[PDB]
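Chain B with the ligands: place on chain A using the hints.
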Amino acid sequence: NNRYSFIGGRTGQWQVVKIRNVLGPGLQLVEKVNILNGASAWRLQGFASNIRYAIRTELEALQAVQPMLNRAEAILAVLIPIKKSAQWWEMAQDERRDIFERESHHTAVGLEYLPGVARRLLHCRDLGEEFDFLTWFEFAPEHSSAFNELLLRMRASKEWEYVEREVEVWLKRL
Amino acid sequence: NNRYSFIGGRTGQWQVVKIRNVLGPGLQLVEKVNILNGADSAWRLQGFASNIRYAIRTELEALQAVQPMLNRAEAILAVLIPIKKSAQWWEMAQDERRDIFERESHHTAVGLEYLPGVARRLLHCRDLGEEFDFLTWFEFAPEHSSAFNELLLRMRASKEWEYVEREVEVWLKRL
Ligand code: HEM
Ligand code: HEM
Ligand SMILES: [F-]
Ligand SMILES: [F-]
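Line by line, the protein sequences are chains A and B. With the deposited numbering as the guide, the letters of the first sequence map in order to residues 2 to 40, 48 to 182. With the deposited numbering as the guide, the letters of the second sequence map in order to residues 2 to 40, 47 to 182.
So that you can see chain A by itself, here it is in the shape it has in the complex:
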């Protein structure tokens, strides 16, 4: 099933460490997040989809180093819902690819954080959700500082001038 739901509330596989309401309306602090592969204070949902930007040589680079989810060591996670602006979504494909990679170097920068950080990308604009993306990251604690670095590098990029809502939900695996 390609649908995932993230329930913030009193039960789940993940303990909430902190929530940082980076930009726009936040998410209510809760005890735990329950993650369901299918369709409480809030529910987020999104789907796994096909590649939108990455080119073949980028995928090869990613495939050579990216880790799998569910490593025994990867006891920390971060769920980061993201919303991009109307101006982003009205751009053509070349315009969006150019900002994503040529200007902002998204994949190249993220590659610097592999193999330490595992990730999953979910899409949800097309479900009518209040966010556009649910991004998921997991890693061992030794990579927390580097992941915090990466977040600030991304926020400095051209791509991020089109981000209108962002929240960080920091989790620890129970």
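No lab work stands behind these hints: they were computed from the structure. Mixed in with the good hints, there may be bad ones.
Claimed, not checked - Per label pair, the in silico range of CB-to-CB distance:
hint: 1; chain 1: B; residue 1: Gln71; chain 2: A; residue 2: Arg60; range: 19 to 25 Å
hint: 2; chain 1: A; residue 1: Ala148; chain 2: B; residue 2: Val23; range: 49 to 55 Å
hint: 3; chain 1: B; residue 1: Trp50; chain 2: A; residue 2: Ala148; range: 45 to 51 Å
hint: 4; chain 1: A; residue 1: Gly25; chain 2: B; residue 2: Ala72; range: 21 to 27 Å
hint: 5; chain 1: B; residue 1: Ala80; chain 2: A; residue 2: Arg11; range: 17 to 23 Å
hint: 6; chain 1: B; residue 1: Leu30; chain 2: A; residue 2: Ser6; range: 23 to 29 Å
hint: 7; chain 1: A; residue 1: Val117; chain 2: B; residue 2: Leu30; range: 41 to 47 Å
hint: 8; chain 1: A; residue 1: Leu122; chain 2: B; residue 2: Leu129; range: 17 to 23 Å
hint: 9; chain 1: B; residue 1: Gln14; chain 2: A; residue 2: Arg181; range: 48 to 54 Å
What the hints assert, rightly or not - Just so you have them, the derived chain A footprint on chain B, three or more residues with Cβ under 8 Å:
hint: 10; segment: 47–58
hint: 11; segment: 63–70
hint: 12; segment: 98–107
hint: 13; segment: 125–139
Backbone N, C-alpha and C fix where the C-beta goes; we use that ideal spot for every residue, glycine too.
For chain B with the ligands alone, kept in the frame of chain A given last:
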């Protein structure tokens, strides 16, 4: 709301003229199709309107200069064409798919030849878990029927269509 449902059955705004089961399993013949904006009938198809996946800005400019509105008074014929692409297509990277779609197959350039006669809507549905990947919608006056039939055959001859694994044509007339 960006979701549309097409329900093949006994009621609706569109009368079925014919169904051509082009490739793979067909769709059951029915009297009418009922189209609902939102989430005795035989099948339901659904999809969502989405953002642009391939077209570049100059292509969008050319499309915007000529593409017609939906619901023109004269556009009494329509065709609903659900399409499924293969697993090999979806595993390709973005550049590989763009190269097939336009550089090799000229999908937008060829389609532009049929505007303004043909109006269109693209719906996506692979991400919903539907049996098809896309629902494509076309509408036009009868004087463009022959040209639309031409266009179909040209697109089926293209490289892109080597990756199409299920296709049905539901021809409709506006009630
Ligand atoms: C950890 C290393 C990272 C790598 C290797 C990486 C890599 C990628 C790649 C390859 C894509 C494009 C997927 C496609 O073509 O469809 C993508 C999309 C995206 N990633 Fe990252 N990323 C990483 C970190 C991050 C971080 C920390 C964030 C959030 C703060 C983030 C947010 C996104 C978003 C929102 C998208 C979708 C962009 C769009 O479709 O407009 N990524 N990432
Ligand atoms: C009538 C003139 C047509 C024009 C101007 C046209 C134009 C386009 C455009 C510009 C796209 C890219 C949209 C995007 O970038 O996301 C698209 C996608 C598509 N069209 Fe056409 N089209 C035409 C006819 C057709 C016909 C007759 C069919 C079916 C037999 C068809 C099937 C599709 C499919 C399945 C997609 C999605 C491709 C994918 O995302 O892999 N189109 N069309
Ligand atoms: F990502
Ligand atoms: F189309």
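Hints versus structure:
1. Look at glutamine 71(B) against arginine 60(A): about 22 Å separates their beta carbons, and that is inside 19 to 25 Å.
2. Distance hint check for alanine 148(A) and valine 23(B): the Cβ-Cβ separation is about 52 Å, which falls inside the suggested range of 49 to 55 Å.
3. At about 49 Å, the beta-carbon gap between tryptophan 50(B) and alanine 148(A) stays in the expected band of 45 to 51 Å.
4. Checking the proposed 21 to 27 Å range against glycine 25(A) and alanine 72(B) shows it is violated: the Cβ atoms sit about 36 Å from each other.
5. Taking 17 to 23 Å as the suggested C-beta distance range, the pair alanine 80(B) and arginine 11(A) does not conform, at roughly 58 Å.
6. Our hint of 23 to 29 Å for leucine 30(B) and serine 6(A) is violated, since their Cβ atoms are close to 38 Å apart.
7. About 54 Å separates the C-beta atoms of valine 117(A) and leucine 30(B), a value inconsistent with the hinted range of 41 to 47 Å.
8. The given range of 17 to 23 Å is broken by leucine 122(A) and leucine 129(B), whose C-beta atoms sit roughly 35 Å from each other.
9. At about 52 Å, the CB distance of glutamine 14(B) to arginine 181(A) agrees with the hint of 48 to 54 Å.
10. With 3 residues bearing a CB less than 8 Å from a CB of chain A, the segment 47–58 of chain B meets the requirement of three and the coverage assertion stands.
11. Coverage of the segment 63–70 of chain B by chain A holds. Counting CB-CB distances below 8 Å, 4 residues qualify, and the rule asks for three or more.
12. Using a Cβ-Cβ cut-off of 8 Å, 6 residues of the segment 98–107 of chain B lie near chain A, which meets the minimum of three, so the contact claim holds.
13. Only residues whose beta carbon comes within less than 8 Å of a beta carbon in chain A count, and the segment 125–139 of chain B has 4; three or more means the coverage holds.
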